[PDB]
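Everything below concerns the one structure shown next.
For this view, one protein chain was removed and the others were kept in their places.
In order of appearance the chains are A, B and C, and numbering begins at 1 in each one.
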Amino acid sequence: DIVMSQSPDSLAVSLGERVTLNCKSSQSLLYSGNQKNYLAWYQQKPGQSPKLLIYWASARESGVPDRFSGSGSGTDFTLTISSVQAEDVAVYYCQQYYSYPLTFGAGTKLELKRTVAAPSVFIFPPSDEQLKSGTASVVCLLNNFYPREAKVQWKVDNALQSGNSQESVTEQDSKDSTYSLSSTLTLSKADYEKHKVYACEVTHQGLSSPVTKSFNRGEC
Amino acid sequence: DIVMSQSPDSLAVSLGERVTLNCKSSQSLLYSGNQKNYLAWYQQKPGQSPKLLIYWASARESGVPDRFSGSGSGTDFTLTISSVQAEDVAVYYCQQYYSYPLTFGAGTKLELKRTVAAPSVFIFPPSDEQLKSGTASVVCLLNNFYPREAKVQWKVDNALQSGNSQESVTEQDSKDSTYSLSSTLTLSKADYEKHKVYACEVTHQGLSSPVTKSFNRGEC
Amino acid sequence: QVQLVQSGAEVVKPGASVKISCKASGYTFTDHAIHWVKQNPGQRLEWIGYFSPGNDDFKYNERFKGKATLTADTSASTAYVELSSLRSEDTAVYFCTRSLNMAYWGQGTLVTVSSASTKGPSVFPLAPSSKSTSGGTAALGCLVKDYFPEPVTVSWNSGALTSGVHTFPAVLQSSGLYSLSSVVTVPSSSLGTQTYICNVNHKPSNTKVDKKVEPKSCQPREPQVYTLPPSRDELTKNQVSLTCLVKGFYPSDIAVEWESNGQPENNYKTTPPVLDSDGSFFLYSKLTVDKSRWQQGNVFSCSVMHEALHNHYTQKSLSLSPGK
Partner (left out) sequence: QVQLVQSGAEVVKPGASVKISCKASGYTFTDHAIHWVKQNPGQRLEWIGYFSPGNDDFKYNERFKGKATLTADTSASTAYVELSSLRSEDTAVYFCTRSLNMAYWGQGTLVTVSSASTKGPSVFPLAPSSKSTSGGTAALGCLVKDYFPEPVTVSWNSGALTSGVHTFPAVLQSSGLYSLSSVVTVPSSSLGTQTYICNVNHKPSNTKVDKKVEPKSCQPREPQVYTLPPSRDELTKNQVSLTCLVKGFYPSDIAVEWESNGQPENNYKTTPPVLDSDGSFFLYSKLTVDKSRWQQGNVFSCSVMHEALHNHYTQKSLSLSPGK
């Protein structure tokens, strides 16, 4: 079976830069008969049907921006973006359709580098509806920051919380290239009404000093 | 002589479920000449002239409900009721008319499952009129229960009575699918008068604890 | 319109002979043969043979050849089977039926082979407990005793009262006679205003009786404690309720409290006694607990204190039940 190798596994590039992605096949994809290379390039973003960009090693598709170009022949091809954009952050795939089975490369993940952006922080207390269920989950947002690295710490009645919170971070934005993270504190309705002070303390690199958004137990 | 064997001897089915009853003859009831199967099905309810349901192995009679159907050929046949109904509680018989003697199967008795029902228990003392006669019969009624298993224990002057009682149980009802039982304690007028406390002790599955209903000779 | 009416049930001296009849109607008697089927109490049906009125052709079952004699009287439109030199083994119900396609059947004739002589039943009454005592409905009936041979036929208020009637099967007594009861269930309301008479009929002796069953011719109370789990519905809420119903007690003075382990539960409230339609009181107690404590299958129990109890006290437990 034809084997597709891509390089690098992933790369971080700064807006405007020019990137080249490698794709080497274990056997020529150049058909002596019509001097064509049976290779294609796909762009894929999180949970989305991949997009065909390049076909026959170097035929950019109908809608694909010109910053995109494919070259190569036989067993070594490359995809190059002349000046990366925030929207080009995704995963790139090369696949040979010279012979079955069709084969894909492991893919290269492209991440953008940007200027430090500090998180805008918000905290939300459990809804009354949810409290009816017997469970309280307090949400803390970290909206649009740069360096992914961030750190949220929970404090209930100025007490350090530990192992009962869970975070989720979004894919780097396709426009401003930021992240956003949500840390959710989950405790029983019981445990929740038993304590008063609910504190979220964010610690980013764009912050001069740790930030803290909080609420006192109440309707207002 | 052709022997008809049915299976199973008896089966408990929940309202609405599907039942299949077997019947296997010791010799084919398939007449090469006309390709017909000389076999019929009979439904019989306690003390009643059996009813022909299916004839020719699979020709349902004029008035039989479509939930009823017969199939099979040669030596193995089957009667199937798609969705049993209370009514269908009865005994089913298969018989071959291929050759004499006409032969029946030992039959399969169909009992319907309804959910544990506890007895409702009553006790009746001997009538005066009967007393005149010179004998006393105490009757104890266990009304509308299910499973059939139920036990009655007589106690005269809190003394365990043995071998002087007799019970009869009804056919499982056609509508609420229960059973009723009556136990009669029979003893001389003399004996009757010579003792004072008459107790009946019902023991069924729906009962969390044994039930007792009783009377004392004089008491009016 | 097609009908097969058989002769009546009867006893027969052992060694004696008997001759059952099958009266055909609603069709041309000489269009189908009449088949005879014996039926032992319960057990497998045996085919005796058939006799074809018309061509007078007949076939026996070798098992009955010798014991039975098929015949028919076309002018009468009736088929006969004559059983010879009976034995107990011959006690059973003989059925007549028409054609090899046994769509139509007789009603059956019960032949009882016995030295004993027929005897009419004696009908005694099974009288109700008492008015309101049953509050709702009560049970009455008739006891059809010592008669022979089978069968009898009980009915209530001459076919009117049918609902809730139970005529049990007969029972052979050590005496040698049959006995059986017929009960019915009616509202204590009617009991007293409505008239209930059983109509018993034993053809074998030509007896008919119609006994009318009529009502018979005639303070502290220990509380009953029943625990109930929480309504499946309530299992949606966090914090469920455990109920203790204490009923049928008198005087209204009572004390109810709950407890779980050694420790006594605290969050619960009892209602005020309420006079029940029978002259005693009842009340419910409602222990509240976290839906989690109940599911962890802890055990809770209500204690009830009242003068009528063996030690003025009693408890009954309640817990989540691991059902099948």
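Throughout what follows, a contact is a pair of C-beta atoms (placed from the backbone, for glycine too) under 8 Å apart; a residue touches a chain by one contact, two chains touch by 3 or more.
Screening A:184, A:203 or A:212 against the full complex identifies A:184 as the residue touching the chain left out. Considering the whole complex, the residue from C:159, C:262, C:322 or C:323 that touches the absent chain is C:323. Screening A:11, A:13, A:15 or A:52 for touch with the missing chain picks out A:52. When the whole complex is considered, the residue among C:55, C:174, C:193 or C:277 that touches the unshown chain is C:277.
Only one of C:118, C:241 or C:252 touches the chain withheld from this view, namely C:241. In the full complex, chain B touches the hidden chain at residues 115, 117-118, 120-122, 143-144, 176, 178, 206-209, 211. Residue-level contact of chain C with the missing chain is found at 134-137, 185, 224, 226-231, 233-234, 237, 241, 243, 245, 247, 267, 269-272, 274-277, 282-284, 286, 288, 316, 323-324. Those residues of chain A that touch the chain absent from the view are 40, 42, 46-47, 49-50, 52, 55, 61, 93, 95, 97, 100-104, 106-107, 120, 122-124, 126-127, 129-130, 133, 137, 139, 141, 143, 166, 168-170, 180-182, 184, 186, 219-220.
As a working rule, only the chains that are shown with their structure count from here on.
Per-chain CA centroids place chain A at a distance of 72 Å from chain B.
If each chain is reduced to the centroid of its CA atoms, chain B and chain C end up 10 Å from each other.
Per-chain Cα centroids separate chain A from chain C by 76 Å.
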